[PDB]
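> Each chain, letter by letter, is given below.
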Amino acid sequence: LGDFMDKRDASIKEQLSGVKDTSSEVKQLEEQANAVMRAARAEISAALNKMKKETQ
Amino acid sequence: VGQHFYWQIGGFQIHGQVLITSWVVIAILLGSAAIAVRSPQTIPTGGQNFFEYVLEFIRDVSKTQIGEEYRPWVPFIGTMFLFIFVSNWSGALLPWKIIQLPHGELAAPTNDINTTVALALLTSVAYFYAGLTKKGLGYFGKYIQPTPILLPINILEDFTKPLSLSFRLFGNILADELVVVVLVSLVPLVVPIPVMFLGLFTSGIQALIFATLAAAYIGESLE
Numbered sequence: 112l113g114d115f116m117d118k119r120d121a122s123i124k125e126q127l128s129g130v131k132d133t134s135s136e137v138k139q140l141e142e143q144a145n146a147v148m149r150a151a152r153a154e155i156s157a158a159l160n161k162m163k164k165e166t167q
Numbered sequence: 022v023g024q025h026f027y028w029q030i031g032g033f034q035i036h037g038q039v040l041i042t043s044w045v046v047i048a049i050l051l052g053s054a055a056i057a058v059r060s061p062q063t064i065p066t067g068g069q070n071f072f073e074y075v076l077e078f079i080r081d082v083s084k085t086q087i088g089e090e091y092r093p094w095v096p097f098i099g100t101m102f103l104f105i106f107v108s109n110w111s112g113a114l115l116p117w118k119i120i121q122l123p124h125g126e127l128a129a130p131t132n133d134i135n136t137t138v139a140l141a142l143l144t145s146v147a148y149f150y151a152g153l154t155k156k157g158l159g160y161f162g163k164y165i166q167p168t169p170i171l172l173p174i175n176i177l178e179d180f181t182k183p184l185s186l187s188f189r190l191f192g193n194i195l196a197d198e199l200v201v202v203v204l205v206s207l208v209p210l211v212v213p214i215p216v217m218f219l220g221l222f223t224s225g226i227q228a229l230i231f232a233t234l235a236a237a238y239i240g241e242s243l244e
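In the order they appear, the protein sequences are chains p and a. Using the deposited numbering, the letters of the first sequence map in sequence onto residues 112 to 167. Using the deposited numbering, the letters of the second sequence map in sequence onto residues 22 to 244.
In isolation and in its complexed conformation, chain a is listed as follows:
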């Protein structure tokens, strides 16, 4: 129905919904984590094996994507997974059309692109930092080493990775929410559940893909 939203001003206008929604994401993440961290045991207790298997999964993806030096970037790729996953699942399952904002629906941090292109700039700063850290300051991956006349394609390629990575995540979350909204006006909640399931199935995956793809760009820096 509406892609409009209400700004908050500190001399410049920033969306209110995205700050509040990502605050709920930060709170649910730190809350369940600092629950699971307080009394570690040698043998995984109840509830801590889930966080442990999450960490194992993150380690595996980073390791496959990056290589032998996966262990410094594990908190970064783990945050790219968990913030985007918990963003989409909070937008899906937390009932927020009961809550009525001054001017807009509250669904997810990722609905506003701002989140998507910010997360893409953070993976851009990440693979630029890896590339200007491990490799020569004089040059990174961008050098037209293979062919001098491969420069235009290569220069263009750098711009595209953050845009496609920024856009896919953003479009997908927004598209899924719209279907739930555009369905609901036409019909009551019972008909739309399968669709939401399908969207919920993509909602993790566009998270996971992001983290996976983000890790892979780190690898393209380190070579």
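Excised from the complex, chain p in its bound form:
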């Protein structure tokens, strides 16, 4: 019975941690996506400027 109690409690605590783990993983995913999108935009802008300046 002691083992059963432990198993159930661990299963629940583990579920909470995983749920906590998943939330952090999704926050990281969102941050990475945001950073990547910024790079695209900024990168291209810089490119044109440098390219625009060279053309000029």
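Derived by calculation from the structure, the hints in this document are not laboratory data. Some clues are possibly wrong.
[To be verified] Pair by pair, the computed Cβ-Cβ distance ranges are: (1) a:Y74 with p:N145: 42 to 50 Å; (2) a:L143 with p:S128: 36 to 44 Å; (3) p:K124 with a:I226: 38 to 46 Å; (4) a:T223 with p:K118: 43 to 51 Å.
Backbone N, C-alpha and C define an ideal beta-carbon position, used for all residues, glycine too.
Fit chain a to the given chain p structure using the hints.
Leaving out everything else, chain a in the frame of chain p:
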């Protein structure tokens, strides 16, 4: 009325009542436990939260009394709680004056002292085992380290912890039962209920105190 009881012989005489009564205690404990253990669920179902909260309570008392290494002694202190608690509550609530023994009343495993001084020797073996396990074999708590002339008091102290712990539990269960018996002859069952309540209130506590105090002696070994 009677503090007499009937022995059973295997070349030596052992009380019949205490074996039968503690057998009912072992059966009710393993029966409800192996009921509660069969289908564990992540979220505590009906009836398993009680066993779970029991385990939580035991863990807390051992942890407070022992310390960081509470988790090896949890089955021992849990058995000291549950066997003594279920012993007293089985003596109180299970109607056994309907049952007529050959020579004696059947009330509890703890009524005969034998149970009390056996449980005290088991806590003595427990704190001696903790003290000769974790600490130096050469010496344990008993050394007259604080003062050499503190030896007589200290040597005496070792004897007393099992005797007081053996005696308090034993006297208390027996005293409570006697009051119920000595009241009942004088009067019918209706008058005595409050008294039984009071005794039932102590019946768990002298259990709990025992387990608590037993855990505390483990701590005095580990330091």
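> Please name the hints from earlier in the document that this structure breaks, with their numbers sorted from lowest to highest.
Going through the list in order, the structure violates hints 3 and 4 and respects the others.
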